[PDB]
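Peer 1: Starting from the known structure of chain B, fit chain A onto it as the hints suggest.
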Amino acid sequence: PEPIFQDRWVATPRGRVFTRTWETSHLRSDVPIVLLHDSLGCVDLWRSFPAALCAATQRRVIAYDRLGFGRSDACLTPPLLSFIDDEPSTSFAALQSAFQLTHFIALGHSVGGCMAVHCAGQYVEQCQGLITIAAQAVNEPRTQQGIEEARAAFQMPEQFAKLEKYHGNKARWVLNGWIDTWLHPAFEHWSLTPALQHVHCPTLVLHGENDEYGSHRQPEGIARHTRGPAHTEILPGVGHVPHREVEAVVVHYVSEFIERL
Amino acid sequence: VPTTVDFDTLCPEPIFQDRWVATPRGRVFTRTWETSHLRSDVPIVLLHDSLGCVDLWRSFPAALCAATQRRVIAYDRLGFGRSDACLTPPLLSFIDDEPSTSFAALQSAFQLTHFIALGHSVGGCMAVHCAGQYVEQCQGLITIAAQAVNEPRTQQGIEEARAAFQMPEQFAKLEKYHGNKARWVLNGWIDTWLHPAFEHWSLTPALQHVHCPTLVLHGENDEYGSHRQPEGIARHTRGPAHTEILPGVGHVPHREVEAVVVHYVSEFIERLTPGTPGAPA
Numbered sequence: 013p014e015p016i017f018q019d020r021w022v023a024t025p026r027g028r029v030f031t032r033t034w035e036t037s038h039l040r041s042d043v044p045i046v047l048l049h050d051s052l053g054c055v056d057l058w059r060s061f062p063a064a065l066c067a068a069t070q071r072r073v074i075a076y077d078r079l080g081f082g083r084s085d086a087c088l089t090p091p092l093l094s095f096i097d098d099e100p101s102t103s104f105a106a107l108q109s110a111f112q113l114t115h116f117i118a119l120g121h122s123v124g125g126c127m128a129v130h131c132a133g134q135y136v137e138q139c140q141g142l143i144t145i146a147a148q149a150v151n152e153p154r155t156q157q158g159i160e161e162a163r164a165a166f167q168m169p170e171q172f173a174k175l176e177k178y179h180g181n182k183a184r185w186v187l188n189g190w191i192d193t194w195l196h197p198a199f200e201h202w203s204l205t206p207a208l209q210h211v212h213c214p215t216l217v218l219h220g221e222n223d224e225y226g227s228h229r230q231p232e233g234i235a236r237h238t239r240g241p242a243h244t245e246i247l248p249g250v251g252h253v254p255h256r257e258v259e260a261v262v263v264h265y266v267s268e269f270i271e272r273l
Numbered sequence: 002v003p004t005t006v007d008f009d010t011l012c013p014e015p016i017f018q019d020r021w022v023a024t025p026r027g028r029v030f031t032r033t034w035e036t037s038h039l040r041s042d043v044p045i046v047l048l049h050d051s052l053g054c055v056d057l058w059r060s061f062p063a064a065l066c067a068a069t070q071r072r073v074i075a076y077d078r079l080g081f082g083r084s085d086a087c088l089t090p091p092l093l094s095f096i097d098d099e100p101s102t103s104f105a106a107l108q109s110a111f112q113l114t115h116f117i118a119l120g121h122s123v124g125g126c127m128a129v130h131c132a133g134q135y136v137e138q139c140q141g142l143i144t145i146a147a148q149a150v151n152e153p154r155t156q157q158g159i160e161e162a163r164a165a166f167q168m169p170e171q172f173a174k175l176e177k178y179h180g181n182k183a184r185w186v187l188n189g190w191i192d193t194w195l196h197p198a199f200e201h202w203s204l205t206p207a208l209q210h211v212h213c214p215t216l217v218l219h220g221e222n223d224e225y226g227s228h229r230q231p232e233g234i235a236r237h238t239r240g241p242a243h244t245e246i247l248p249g250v251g252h253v254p255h256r257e258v259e260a261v262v263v264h265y266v267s268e269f270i271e272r273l274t275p276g277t278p279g280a281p282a
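Chains B and A, in that order, are what the protein sequence lines are.
Residues 13 to 273, numbered by the deposited numbering, are exactly what the first sequence covers, in order.
Residues 2 to 282, numbered by the deposited numbering, are exactly what the second sequence covers, in order.
Everything labelled a hint here was simulated from the structure, so no lab data went into it.
Don't take each hint at face value.
Okay, the calculated bits of chain B under chain A, using three or more residues with CB under 8 Å as the criterion [unchecked claim]:
1. 141-147
2. 218-230
3. 252-263
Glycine residues also receive a C-beta, built at the ideal position from the N, C-alpha and C atoms.
Here chain B stands alone, though its shape is the one from the complex:
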């Protein structure tokens, strides 16, 4: 029953990127699902979600830590303000080449979903579906305010310690690269609308009713501007992290979506 996983390292100009790939005994498709983590996430913080999704879809599930994150090599300079737009040419491009994905389905959580939208855009010929979970389509006060609140909790050593478990001493970099980009004045009028207009595969928009960072503005923005068909599911009673809060619900909707492709 339970799905296996293999680790596999991927080379990049700037350093080594970690990937984990789950499988089941029998696959229904060779086309895999690639997961893009959030601003403070990593394979380890995807917890049981990749196995559960692999079991339900009988598809390969590839999770990867962006360079400077999680299990991947440390990055010594601060991140560029272009890091969302840059992701289909950086860590993802490495993986896409390394694993020679002629075909893939992209799934991304939070700012990972923004990068997933970009990957569907850039790999228009290979991306066959997109899932976004709590993904930001526009900047808005609610997002800025939640990042501020969350930034404060971390100056308690116990809470920052929590970040060091999953990122090691790359934590300080991860925490600042979250805040320093999103609260930057250049990011004030930021919007995903140009990238969304380049997505042509079907799109599944998942967003928790009680998202602590993203209002109705976000799932609506995403479904508005897609060029391909786009189904939304507001999840009742769920916050910013649906794959942890309601893992079985998330896996259910994403299985349904992929079957329908």
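Peer 2: Chain A only, in chain B's frame:
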């Protein structure tokens, strides 16, 4: 405001909490379920049937709490289930008295300026009395197998039940849920409804003072009450009323088809806000 880092450990949802409410004649057990995110501060108060109690509500109070994202309060009427025993037999006015007895103490102890009332069997009857007595506070009302009139089918099934609860294996089932108070509960059921003062009792004067919206649920095969009953409830409500006859269900839908009941009740409650589909603006 949390982060992904905070969700490496997950503890279950929804949670409940016990609370005792004092009355002049003794102590009233209550149990309030709750979710982390609430849609509204208005709670849904449950009223149990003639032989029921919080325990006999089983998992329904939590299922409903999850689906409504509201607080759900169940309470055991004085003399029942987990509450203090009553030595006196209930007054023939026990239905009419409820908005002023146990429910009163609860309403006060929790300072309930707003509630939604849900009742099962005779509890539905008292929920109707609560809806009209607390006309300002009661935003919604649900009845499940409630009686609008007394009827030959009701009288019959109680009477067969009175024979059947003489079997020790039967009466023991009642003892598991009320302990030593089982006899008072059983006699309080039979001696009121079979009394001549109940032969022509009607919920109609009470229903005509219910102004909030009302959802009337009733099993197609309800062992105790004909379809006279849901029609009486939906017809004499002063506020709007909607009926769901549940196919293949008897006198206990919340235990017979919990998800179905939870679905209709939660949808009904959400539709109470004007501006939503199902309540005009």
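Peer 1: If a hint holds in the structure, say so; if it doesn't, say that too.
Peer 2: Consistency of the hints with the structure:
With 0 residues bearing a CB less than 8 Å from a CB of chain A, the segment 141-147 of chain B misses the requirement of three and the coverage assertion fails. Counting residues of the segment 218-230 of chain B whose CB lies closer than 8 Å to any CB of chain A gives 4, which reaches the minimum of 3, so the coverage claim holds. Restraint check on the segment 252-263 of chain B versus chain A: 4 residues with Cβ-Cβ distances below 8 Å, three needed, restraint holds.
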